[PDB]
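Engineer: Put together the whole structure using the sequences plus the hints.
Given next are the chains, with one letter for each unit.
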Amino acid sequence: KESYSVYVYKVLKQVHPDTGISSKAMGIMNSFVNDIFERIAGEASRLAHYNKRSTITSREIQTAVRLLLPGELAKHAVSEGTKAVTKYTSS
Amino acid sequence: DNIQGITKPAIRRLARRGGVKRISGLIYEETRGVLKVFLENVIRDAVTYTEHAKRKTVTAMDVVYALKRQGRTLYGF
Amino acid sequence: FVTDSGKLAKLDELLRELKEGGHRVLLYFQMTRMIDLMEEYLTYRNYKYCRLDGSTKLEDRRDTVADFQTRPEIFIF
Amino acid sequence: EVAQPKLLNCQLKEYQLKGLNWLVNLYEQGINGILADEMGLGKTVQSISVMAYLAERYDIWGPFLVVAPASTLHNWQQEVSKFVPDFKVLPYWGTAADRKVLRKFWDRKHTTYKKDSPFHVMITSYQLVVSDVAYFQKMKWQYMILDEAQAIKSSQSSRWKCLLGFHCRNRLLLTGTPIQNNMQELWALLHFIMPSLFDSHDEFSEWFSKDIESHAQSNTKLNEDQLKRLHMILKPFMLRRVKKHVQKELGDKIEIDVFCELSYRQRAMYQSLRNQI
Amino acid sequence: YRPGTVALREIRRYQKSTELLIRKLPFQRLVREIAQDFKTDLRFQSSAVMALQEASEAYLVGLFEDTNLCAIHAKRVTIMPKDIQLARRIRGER
Amino acid sequence: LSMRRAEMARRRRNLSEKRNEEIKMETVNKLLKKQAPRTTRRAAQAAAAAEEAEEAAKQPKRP
DNA sequence: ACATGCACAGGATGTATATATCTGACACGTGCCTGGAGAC
DNA sequence: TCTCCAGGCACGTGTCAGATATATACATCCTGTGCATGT
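Protein chains in written order, with PDB author numbering: chain A, 34 to 124; chain B, 24 to 100; chain C, 1548 to 1624; chain D, 961 to 1237; chain E, 41 to 134; chain F, 381 to 443.
Among these hints, one or two may not hold up.
Each computed SDA-like pair below joins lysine to any residue, with the alpha-carbon atoms no more than 25 Å apart [what the hints assert, rightly or not]:
#, chain 1, residue 1, chain 2, residue 2
1, B, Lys31, E, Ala47
2, D, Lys966, D, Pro1078
3, D, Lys1060, F, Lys398
4, B, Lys77, E, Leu82
5, C, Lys1604, D, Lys1069
6, F, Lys398, D, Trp1066
7, A, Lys116, A, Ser56
8, A, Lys108, A, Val48
9, A, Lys57, B, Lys44
10, E, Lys122, B, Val60
11, B, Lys77, E, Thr80
12, C, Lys1554, C, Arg1571
13, D, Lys1213, C, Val1612
14, C, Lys1604, D, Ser1031
15, B, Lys31, E, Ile51
16, C, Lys1604, D, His1127
17, F, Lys413, C, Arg1608
18, D, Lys1213, C, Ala1613
19, B, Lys44, E, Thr80
20, A, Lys34, B, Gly99
21, D, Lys1069, F, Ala430
22, D, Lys1042, D, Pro1078
23, D, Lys1074, D, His1127
Rather than coming from a laboratory, the hints here were simulated on the basis of the structure.
Structural biologist: Shown next as structure tokens:
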């Protein structure tokens, strides 16, 4: 029974080290993660099918993020994603 | 006749949370009607998923799916 | 330290005589803060001791009391 | 002159057998009692003895409640196990979950238990007795021992309040210090034992306390006749026995006051304290 | 307190708490009363009824906000059936 | 078949009482054993350190 | 003669020292197995 | 695609921060209420 709990916890103890989070709040945050995942993945799939592609590349994920997230949110998200993919490629 | 179990005090509290200062006495029966229509829409979908799954028990996920289907995503389950 | 308290100054004399006699002492206090101060003093005059107070956890209690009773090197508790 | 309850897989010392008797009579005649043998004479065994006697003769096998300090529970559980092997003890300490399960052992329908019951003696702390008083109050108890009864020396203690409200036929307090501090704290125990006969602290004060408390505190004259009358009032309810009669073998203590003058710093502090008035 | 002030105190009380505002057993009985029109002898997870309640209370609270603005627009401080119907009207729930 | 299933339901229901009683009695006893049966230690670390020091002494060394 | 203001009665509240209990959330250890990772 | 093992998940456990009453003493704050004085 898989959940993004673990990771929510690692991020929390990175951003507010002495603060915990409740079980209910963990549930809500996990739901948040699943929802955003779904939305981005789905928009990406649509973009792919619309351009007659059959693959969801980094560039699909980027454009999905730019369609979905607003303003500064979108910009910062694009930035983080690009940084991550760059580091991955380097390694 | 279980609808009137949604009490005048219960409706009053919800109107208070919604920032309402004074409540005309006809609101209580409208609110019951509105709530019943909303519940019917969600429960019909929840039961539809339940039947499809060949279950006899409505689960929390069936309700969460029904709410998402209706643009009222419910976080926490 | 040992002279800024009249009691402590008189306890010093008495503990020297008790030690030279081969007596073993339970030494009782009404304040655990004082238990701390003393803990020092005993280190200075280099006497062996145990401690049991309301901070001392239950199985640790059992352990300490058993020591004092098993191993005659300990002079004060 | 009863016999060691035969259900008792040990032999009592003389005084525990005289003490057994006392508690057997204090039952037959409806009275309660404080057993106030000086600290270390074996109070536990006499209590367990009464309960076993009850069983053997009156076939009343339960339920018995022992309340005790938390620290003492294992000792009690082992002593019960040793001296009455046939007695099924139910430990009643543990997390909420542990206790919830154990509550399922409480037979509330049988007024009086017989041998094959779920449990005979329940053993529990003062703290639990008070937190779980909701539950304890439903039960109806056939006898009750409070050990280290000085725990309920205050009539204003939640602890005395709770335990006084338990439906029990018979209470036995164990404490080698009926009084320590005021005499008030002896009224507390007497009222707990027999709330009928010691129904009013104020009366108690007026008639006995203020004399005896002034004879100590301001060296007034002790009214011999009043004091004798108090002893009288206490006599059928309290048994006290002292080591010099029954554990003779120990040699005595030597006590020494060792006097100390304040050092300089001490004094200059003491006096600022005094000047702050 | 001068009249109308206790109402603003009650509003504050209800806006700072997170508790559910409908009683649990009345709501549960309404859910089952509706459900048996769609299929008889339905069972419900305990958590499913709570999910419905949270969604239902959130819906009604949001509706009352929109209702309030309809009243205030008409220069009233009292909400009325008309205000609910306009809110439902413009939301497209009609 | 329906009568057979009714008989089978009596059988399962009869068995449920035995199955419940067995687990209830076992878990009741396990908890008495959990509390009364008990008493041990934790300075396990102290014991380990003592053993390590003894092992070090068991080695003659002139460095 | 009536009303208001000011001090007794004795109680509840309060200050300070560790004791005696406790509870639930966090951290840590254990076991294990499947799916993240290898690389052709 | 065949292969591997370790990261993570389920499960116990244990402990300790803040909380529940309190013996040991006493001064202090509180305010119901009674009495006296003034209008």
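Engineer: Next step is simple, just say for each hint if it's right about the structure.
Structural biologist: Each hint tested on the structure:
no., hint, result
1, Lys31(B) <-> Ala47(E), "16 Å, holds"
2, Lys966(D) <-> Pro1078(D), "22 Å, holds"
3, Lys1060(D) <-> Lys398(F), "22 Å, holds"
4, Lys77(B) <-> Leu82(E), "12 Å, holds"
5, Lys1604(C) <-> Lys1069(D), "41 Å, violated"
6, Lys398(F) <-> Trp1066(D), "21 Å, holds"
7, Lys116(A) <-> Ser56(A), "32 Å, violated"
8, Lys108(A) <-> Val48(A), "20 Å, holds"
9, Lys57(A) <-> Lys44(B), "32 Å, violated"
10, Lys122(E) <-> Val60(B), "17 Å, holds"
11, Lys77(B) <-> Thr80(E), "14 Å, holds"
12, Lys1554(C) <-> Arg1571(C), "19 Å, holds"
13, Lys1213(D) <-> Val1612(C), "22 Å, holds"
14, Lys1604(C) <-> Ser1031(D), "12 Å, holds"
15, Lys31(B) <-> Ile51(E), "16 Å, holds"
16, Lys1604(C) <-> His1127(D), "36 Å, violated"
17, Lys413(F) <-> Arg1608(C), "24 Å, holds"
18, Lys1213(D) <-> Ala1613(C), "24 Å, holds"
19, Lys44(B) <-> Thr80(E), "41 Å, violated"
20, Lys34(A) <-> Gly99(B), "16 Å, holds"
21, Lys1069(D) <-> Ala430(F), "57 Å, violated"
22, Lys1042(D) <-> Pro1078(D), "19 Å, holds"
23, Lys1074(D) <-> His1127(D), "20 Å, holds"
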